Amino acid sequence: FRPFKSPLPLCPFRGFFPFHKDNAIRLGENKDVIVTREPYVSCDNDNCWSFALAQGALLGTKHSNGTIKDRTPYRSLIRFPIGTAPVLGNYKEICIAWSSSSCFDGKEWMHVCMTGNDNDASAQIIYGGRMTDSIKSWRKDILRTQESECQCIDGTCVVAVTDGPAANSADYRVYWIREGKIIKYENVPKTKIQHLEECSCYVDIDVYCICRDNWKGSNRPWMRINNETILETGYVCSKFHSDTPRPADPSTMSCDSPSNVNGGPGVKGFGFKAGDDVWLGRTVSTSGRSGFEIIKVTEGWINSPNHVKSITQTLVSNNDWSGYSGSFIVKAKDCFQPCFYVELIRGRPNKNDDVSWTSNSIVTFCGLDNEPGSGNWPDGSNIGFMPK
């Protein structure tokens, strides 16, 4: 017997440490590796797992040509051992999906899988391997979700979902799902949040989601949620913004609205509230998806004149490609450990990646209450060695 996961507080931490790295593109030189993108990580009682949206093709084969395309019927959410490259001999196919979220409730896995036509998509809810429920597109404009792990408290899982325009007003909802059955949803209040995509969430008593405003906000919108309702919303106060693109530091302190500067598009990212402070992942570049660093901003969660970047860890150099990033948690006795993954995109449309495909590798870090060292953990592939 296993109990449902509880509303534990986030563990104390003061730095992030290298965890698992798959080197998937390097290992894919001989065409063994499945083409993926939008990876994430999520753990159950026994294992942490890599998840990603496969493209139904092997890296470097003719079918991998043109996998820059975001949505096809040939995409499936797949799962593979954390830190391993996804290959036919080790992967599991979770569901047909070109957008997804997964989370373990303490007893079983839940997955949310969107597929079908852009104007008529549906989200399948999988629980314990069985399709238990669904969401029908209501705005008929690319129904979509987090692309990282959802969160579950006392048996009720929470997941953020969007339907509508990428660069205009759309609908954003949170769904509460218990044992695979949709209990209720709420439209996210628009009193502060103006656009919301690809939420990266974690648990610190309540669920916190830090997301992507793809329209007007170079700062990231956020929500606080429990097993019943949305408790709080806003934008991360930090005058050091963390979307891409974004203005150079220092920028505007906007706790309650989008910055309105360098607003679109964006990239999936994450953060961790720590008291009044906030940790924020971000590309090193302010314009491109290159490099990765995480900063701690003193009093960055609140309205304050005292915002300072007290810590900056540079984990992937600006000379290396990054991509999406997202939070995940690991139960650590009486608290949840904050961890994250970074998608390292290789191929189109990256300048000088002269291949016809698009894929990624993964690297991950976890938070400890110890002082970190330093290093650099990029994709590491010589694109010139790769089958095109």
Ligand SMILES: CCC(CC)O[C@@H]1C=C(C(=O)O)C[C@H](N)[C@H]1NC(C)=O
Given for the second form:
Protein chains: 4
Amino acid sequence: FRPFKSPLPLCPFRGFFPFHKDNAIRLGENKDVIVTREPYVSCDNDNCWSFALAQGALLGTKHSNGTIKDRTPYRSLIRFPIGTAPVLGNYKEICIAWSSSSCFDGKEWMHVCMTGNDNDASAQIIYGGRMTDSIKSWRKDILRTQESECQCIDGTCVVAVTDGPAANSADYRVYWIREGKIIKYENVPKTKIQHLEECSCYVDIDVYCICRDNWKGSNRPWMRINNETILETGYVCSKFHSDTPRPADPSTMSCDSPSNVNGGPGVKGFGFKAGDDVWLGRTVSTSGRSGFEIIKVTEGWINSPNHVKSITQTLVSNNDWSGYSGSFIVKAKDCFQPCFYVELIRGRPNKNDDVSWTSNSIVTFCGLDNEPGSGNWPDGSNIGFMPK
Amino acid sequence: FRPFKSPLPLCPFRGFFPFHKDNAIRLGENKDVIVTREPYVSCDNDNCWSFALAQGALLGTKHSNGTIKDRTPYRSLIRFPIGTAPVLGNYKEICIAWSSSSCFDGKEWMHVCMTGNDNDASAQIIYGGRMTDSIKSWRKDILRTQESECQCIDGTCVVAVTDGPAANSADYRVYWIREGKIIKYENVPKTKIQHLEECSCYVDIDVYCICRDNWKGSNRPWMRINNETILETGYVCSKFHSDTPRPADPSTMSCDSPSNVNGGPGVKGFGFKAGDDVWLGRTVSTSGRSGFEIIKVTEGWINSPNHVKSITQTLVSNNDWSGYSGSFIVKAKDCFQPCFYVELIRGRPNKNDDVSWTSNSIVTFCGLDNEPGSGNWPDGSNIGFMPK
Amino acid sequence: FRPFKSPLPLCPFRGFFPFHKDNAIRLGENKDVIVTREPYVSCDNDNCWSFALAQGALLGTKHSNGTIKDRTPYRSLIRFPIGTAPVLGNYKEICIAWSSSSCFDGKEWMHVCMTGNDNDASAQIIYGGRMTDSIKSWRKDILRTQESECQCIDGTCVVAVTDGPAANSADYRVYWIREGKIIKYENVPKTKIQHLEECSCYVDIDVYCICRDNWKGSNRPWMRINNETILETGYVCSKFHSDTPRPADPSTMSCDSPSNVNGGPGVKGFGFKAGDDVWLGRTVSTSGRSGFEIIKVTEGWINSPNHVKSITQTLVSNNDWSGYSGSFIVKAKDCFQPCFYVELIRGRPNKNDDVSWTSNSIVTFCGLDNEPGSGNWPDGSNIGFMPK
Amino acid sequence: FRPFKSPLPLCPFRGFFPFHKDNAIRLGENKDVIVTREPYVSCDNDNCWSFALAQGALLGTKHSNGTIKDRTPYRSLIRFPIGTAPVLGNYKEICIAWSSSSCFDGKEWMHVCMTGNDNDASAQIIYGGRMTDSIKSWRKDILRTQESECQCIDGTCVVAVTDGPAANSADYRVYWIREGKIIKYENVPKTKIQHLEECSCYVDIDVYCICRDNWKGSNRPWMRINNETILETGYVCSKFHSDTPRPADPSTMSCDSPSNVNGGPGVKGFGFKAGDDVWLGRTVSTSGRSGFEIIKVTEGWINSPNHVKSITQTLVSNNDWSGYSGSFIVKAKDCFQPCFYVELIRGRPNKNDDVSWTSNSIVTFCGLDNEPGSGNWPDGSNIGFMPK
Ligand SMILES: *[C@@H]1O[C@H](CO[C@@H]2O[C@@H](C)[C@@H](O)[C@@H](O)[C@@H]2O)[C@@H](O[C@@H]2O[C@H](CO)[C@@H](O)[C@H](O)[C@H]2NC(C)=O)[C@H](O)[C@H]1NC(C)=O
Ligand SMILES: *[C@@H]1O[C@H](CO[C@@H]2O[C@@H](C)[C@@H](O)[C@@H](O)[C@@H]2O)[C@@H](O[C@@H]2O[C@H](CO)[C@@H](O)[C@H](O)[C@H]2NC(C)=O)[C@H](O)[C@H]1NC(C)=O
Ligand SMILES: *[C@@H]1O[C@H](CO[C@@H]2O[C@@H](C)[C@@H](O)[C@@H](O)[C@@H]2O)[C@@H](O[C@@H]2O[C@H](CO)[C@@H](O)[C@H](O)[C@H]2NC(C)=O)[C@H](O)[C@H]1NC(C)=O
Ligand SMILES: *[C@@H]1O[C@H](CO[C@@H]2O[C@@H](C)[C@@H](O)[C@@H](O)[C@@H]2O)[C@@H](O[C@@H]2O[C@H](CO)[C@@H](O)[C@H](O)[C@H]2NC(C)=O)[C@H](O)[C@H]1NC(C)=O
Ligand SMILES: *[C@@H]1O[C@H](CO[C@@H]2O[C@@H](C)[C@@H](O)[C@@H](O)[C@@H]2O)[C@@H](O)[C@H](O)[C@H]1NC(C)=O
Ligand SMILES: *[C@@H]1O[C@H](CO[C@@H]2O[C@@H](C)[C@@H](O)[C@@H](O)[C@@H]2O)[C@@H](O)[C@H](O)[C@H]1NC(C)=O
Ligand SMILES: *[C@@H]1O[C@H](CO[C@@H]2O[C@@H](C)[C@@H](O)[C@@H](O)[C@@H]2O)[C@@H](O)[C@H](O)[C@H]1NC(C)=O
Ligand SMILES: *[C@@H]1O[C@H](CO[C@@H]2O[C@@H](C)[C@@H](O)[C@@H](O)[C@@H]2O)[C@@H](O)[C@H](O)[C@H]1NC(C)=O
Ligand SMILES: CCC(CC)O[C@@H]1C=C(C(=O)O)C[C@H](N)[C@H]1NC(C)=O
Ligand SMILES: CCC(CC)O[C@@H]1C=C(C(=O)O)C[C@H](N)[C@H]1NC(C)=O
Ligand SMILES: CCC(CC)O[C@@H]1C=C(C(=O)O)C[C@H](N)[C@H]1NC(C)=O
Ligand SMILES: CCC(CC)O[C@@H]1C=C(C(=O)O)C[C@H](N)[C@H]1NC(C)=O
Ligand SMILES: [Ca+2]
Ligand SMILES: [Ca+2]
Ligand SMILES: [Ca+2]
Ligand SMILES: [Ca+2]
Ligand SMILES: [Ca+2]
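Pass me the form deposited with the named molecule bound as well; I've looked at the form deposited without the named molecule already.
Everything in the complex follows now, all chains and molecules, and the chain you saw is the first one.
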């Protein structure tokens, strides 16, 4: 017997430390590794797992040619041991999906899997291995979701979903699901948030989601949610923005609306509120998906004239390719430990990655209340060594 | 401790949704995947599994040349994680078999495995990993069985078996087996059914089997069975037939006998009775094994002048190869959820599939009481990319 | 909690039926499969397992060249799912060994593993994964053991061991081991048995071992053992001999001594006493390791003028290569089901197998109290297809 | 429920016997095996596991070229079934690390993982899969640890750590960690020990560590530790030294300080105190990492004029490459069984190993209170067969 996960506070922390790293591309040189993208991490009571959207092809084979394409019927949400490369011998196929979210509620796994035509997609709700519910596209425009772990409190899981234009006004909803059955949804208030994609969420008593505005905001939109309703929304106040592309530091302090500067497109990212402060992951480049750093902004969560980057951890050099990133939590007695993964994208359309495929490796970090050292943990592949 | 599966009613549903998909051929381009055919799905308390008849060779190797052949000593019923490709690293060999059925009774797995000479085959009964009984060919003419999951109620499993000509009058029996020991069998009444092959079965209080008449019927023969006897038989009334080959819609309403039109040969298929209505899977083509759709026929289960195709879900385009299909169930609290798999056959004898081997990938769908969207989930392989 | 296996009687049976088959050579065409020989089967409470002596090389690689050699430091007893091919992704290395025996006592696995110099080998006793005892070579001449499963009764396991010349008078012992600790041994009485190798054992109240006389006997030596001592010995009375090489049927009825005809060398084989009758496995050829059949000899266990082959099941054609064979049991409520495996040797020194390596596949059969059909289940490899 | 491991005495023993052997290089000829080094073994309640520092590349691929390099971001502590080769299908990635230690405390696994820049590395403490603590480099000079299993008593684990010059005075600490949280550390007294690296530890009531002095000592430094403090230190008295390089036998009896002869560099090794005697592993060569033997020195643990090598077991010939070695224990009722692994290094910089990569296979031995035989268990690879 296992109780449902509880609304625990976020553990104290002051730095992030290297956790698991898969070196999936390096290890895929001999065509053993499954082509993937949009990876993430989520944990149950016994293990943390790597998840990702597979492309139904092995890296370096002819079927991997052209996998830059986002949505096909041959993509499945797959799961593999955290820090290992995904191979036919160790993976599990979760569901058919070109967009997904996963979260464990203390007892069973829930998955949200979008697939089908762009104008008529549906989301399948999987609970304990069984398809228990669905969501039918209501704007008929690429129904899609987080690409990282959802969150569950006292048996009720919460997940953010979008249907509509990627570079214009769209529809954003939160769904509450309990044991695989949709209980309700809410349209996200547009009083502050103007665009919302690929939410990275975690628990700190309530569920906090820090997302991607793909339209007008170089700052990141955010939500605070409990097991019943949306409690609060806004954009991260930090005048040091964390989307890509974005303005140079310092930019505008925009707590209540998109910045309206370098607004589109964007990249999936994450953050952690810490008191009135905020930690923000981001690419080192302001324009491209290269490098990765995480900054702590003093008073960056609130409307203040005192914003300052008190810390900057450089985890992937700007000489190396990054990509998506997202939050996940690990239970730690009476608090949740904040962690994150970084997607290291190799292949198209990256400059000088002369291969026909598109894939990624994974690197992860966790927060501790200790002082960290420093280093660099990039993909590490010599693309010249790879089957094209 | 686990109780035996109960005679639960079929859950309500109004559409079918994409579940698991393995992309096994695409993934087999580098010779990692086991050659298979006659795949299916069956679930225990913890997982759903893919099953299939392997050919004792890896796809794309010289030993895969000529695997169009149906029965050899080198075929085994194998089991692999649902939605993954079958590789040496993840498969389990269940038994030697060129024809099989599998079903979980709540406590243990049962398997029925036919192998040996065509004129002197035997069926091995496996229960909890142990060979517990057997059936000796009594017509000495390719003793064979469902090629999809059997059903068990209150500890007694039911399975349909055929011995005799494939295109003429044969013998059809149902066997009741409890904990691996044959309790009894019955010869299927020929008052209505004239030919019976490859039954696709499920539970809706009683066991319903919808099968393949390979002789005179373009309509599908059916049985209703409990844990003791055959209760009812007939052919699906629907004037919209569901075998391949078959007449164009609409055809004859034949509740009580084979249609006698486009009667031979046929393809393994399935259906679900829903009140007086019936859902029927079928290839899109009336002549070939291409495409896949499932139709709901209003009042299609009964003798009525009101038959109408109220729904048509097109799940595989007619531009893509299909193959066998079959039912399986997943327990859902106090009802059984109806699902199905579709075999996507690639290689010989398919036109323009220029390879020497014969194999398949798998795609699955489950029923929900929600409105579905639409899409297309074919095999997806560029046969030109494959080792021949 | 699990009780120790009990001294159950052998189940009734009247024929043998196809069980698991791995097709390991066929499946090894692309160099995925581990080179092996001396395979066998043994079962615990949850699964039956394939065991074998690996050669520390993959089939078809340069390191597989010359694996005809019997004893090297690079051989390990490995274990893999029954009926699957042994690959790096699914095998477990049990111990370093060029000779082995394995048996489950109801609670834990025991293994006996011989390795080291021919003139100073030692046997390691493994119990529950821990090395718990050892046997030091006392004749300093290739200390060796069964190459098939041992047997355990009420917590005490029994295993036959040989140290000495392979074609002359040697030393033969039985060791009793309880929870991995050697309790005692006995020198096998030479009042009847003159040479003993590679015992195939099973339980029928007491432990019965039917072995290989590599010196003067074309008939097979046998022992009957309980958890304390050797109770009885002799040679199988059947005037229809079951070693290879051997005389044509019928030969001498030699219950009490080796036949002294076609006495050397020999092959590992098995048998099952059934009342006063005996079932005997053997190659179809009287001279070579080709084909495989099992015969039932009426009154073949006793001194009688009425010996007759009442049954002959031909399971591998004489056109196909066989090899070793051995008994194993599967618990069946209140009796033990008799089963056996057959080693299908491919490569050197087999005539027309033009490869540099030596390996094998596996096929198995179990006994039931039903009438069997017929068929042929050989290795199935086209050696011309294989990497040399 | 499982209690924490207890402070059990070391079991009696008088020899060492072949246990598991992986033949990883031989088996890696077809590019399936992960490049590794610094391997070791550690056991939980159910299994013994192989651990190693992977290089994030497959053996024989272009990414394996130049893996002689000690520290990169692409190295992870990985775990695989004991005696199997590490492949993508069977490995688990434990943590990012170019230096590590692992030990099971009776309930959960603990890992210590060093990674990052040489001048700013950190050690991550993993407990039950969760990162629970860290150590920040305090000398900023390659923070590093044992490369073999740590030890845990009554819930408190002990691990030796070094930060500083490799060939000069450095800092050496022991950390006590309970359930993943650092309780305390102590600076190792330099009253006797002058240099300490790569400690090989085991339990004999208290924790004994026998280590590597890389500076002035051809004799090995040692510590005795309980769950609270360092109790004792020194160098192994044995005038028969056990580091590499070292003087010819006999050398100086140096119980209290480094020998000051052939002092640098060194190799990771191990030993077992047995009463006043000591068993010592070592390479057969006094200068190179070739061959492996273990000697028992009478009164070699104490200050005595009676030192004599009473036993010498030659386990790897001097014609074969060895490498690191280390102790591990296996619980045996009411005592701990002493065992050890030997790293068999192949590739650079070994003379005549003409490949660009650097990797290793593994062989292991355990102690029993019986007389052993003899043999030779080297890597066994023909380097000429390998992909370069
Ligand atoms: C990756 O694929 C492209 C495109 O492949 C072509 O179209 C595909 C859909 C498929 O049908 C293939 O068979 C086709 O070749 C390759 O680009 C082609 O390369 C050929 C040969 O050099 C050239 O003649 C064509 O003009 C190219 N076609 C296009 C549309 O650009 C490319 O070579 C592949 N890359 C790798 C590394 O294999
Ligand atoms: C698939 O196999 C066929 C047939 O293989 C032949 O017969 C088999 C039983 C086996 O013994 C093989 O060694 C034989 O080659 C192949 O067709 C043959 O191809 C050869 C060479 O082109 C030709 O000379 C023969 O006439 C063909 N034989 C027949 C009976 O058609 C075919 O090439 C194989 N396909 C692939 C993709 O390898
Ligand atoms: C299988 O191996 C034999 C022998 O290999 C030789 O000796 C081995 C120990 C090893 O050191 C190899 O490098 C040696 O080649 C091979 O037989 C040799 O073949 C070569 C080349 O044709 C020939 O010149 C030698 O005379 C042969 N040596 C002997 C002793 O017969 C054989 O080719 C290998 N078989 C395969 C399929 O690779
Ligand atoms: C192992 O690698 C070396 C070095 O590789 C070179 O530098 C690497 C960092 C990488 O960038 C490679 O692309 C480079 O080739 C190889 O040595 C080189 O070999 C080439 C071709 O013979 C020669 O022209 C260069 O001078 C060499 N470079 C150096 C620095 O020595 C070597 O061939 C590789 N070994 C194997 C077995 O592949
Ligand atoms: C929602 O969860 C509640 C949990 O208890 C408390 O109330 C909620 C609103 C949060 O503030 C949480 O942190 C508190 O601990 C339950 O009381 C309530 O029954 C749940 N409601 C539903 C719809 O399940
Ligand atoms: C068969 O199973 C019965 C189950 O109970 C009920 O009766 C059967 C005939 C069905 O109608 C089922 O739906 C009902 O729930 C048992 O009563 C009976 O003992 C069983 N008989 C055998 C041969 O096992
Ligand atoms: C040996 O096992 C005995 C088992 O009980 C019976 O006696 C033996 C000799 C056999 O005939 C068996 O079939 C019987 O069931 C135990 O009585 C005895 O204690 C055991 N002795 C040892 C040495 O463990
Ligand atoms: C340390 O462990 C102790 C174990 O009991 C005994 O005392 C120690 C010092 C050793 O001598 C051991 O062999 C003995 O069995 C506990 O008493 C003590 O509470 C523990 N202290 C800490 C810090 O956990
Ligand atoms: C369609 C909108 C959406 C969010 C901006 O596009 C995405 C951005 C992507 C990106 O910027 O890398 C790739 C994604 N896999 C994707 N999601 C889907 C379903 O295609
Ligand atoms: C022998 C009759 C039988 C049913 C019509 O033939 C089948 C039809 C087949 C088909 O139409 O694809 C292939 C099958 N694997 C098969 N079953 C066996 C045992 O060979
Ligand atoms: C050394 C005597 C022994 C029994 C006759 O030889 C064997 C017969 C063999 C055989 O006839 O195939 C091969 C064996 N693997 C073997 N056992 C060992 C340890 O080498
Ligand atoms: C930096 C000091 C240290 C101990 C002498 O060097 C080592 C010796 C090595 C050796 O002699 O083989 C290789 C090691 N993997 C290593 N440890 C690290 C972290 O690089
Ligand atoms: Ca943006
Ligand atoms: Ca038909
Ligand atoms: Ca003989
Ligand atoms: Ca491969
Ligand atoms: Ca030294």
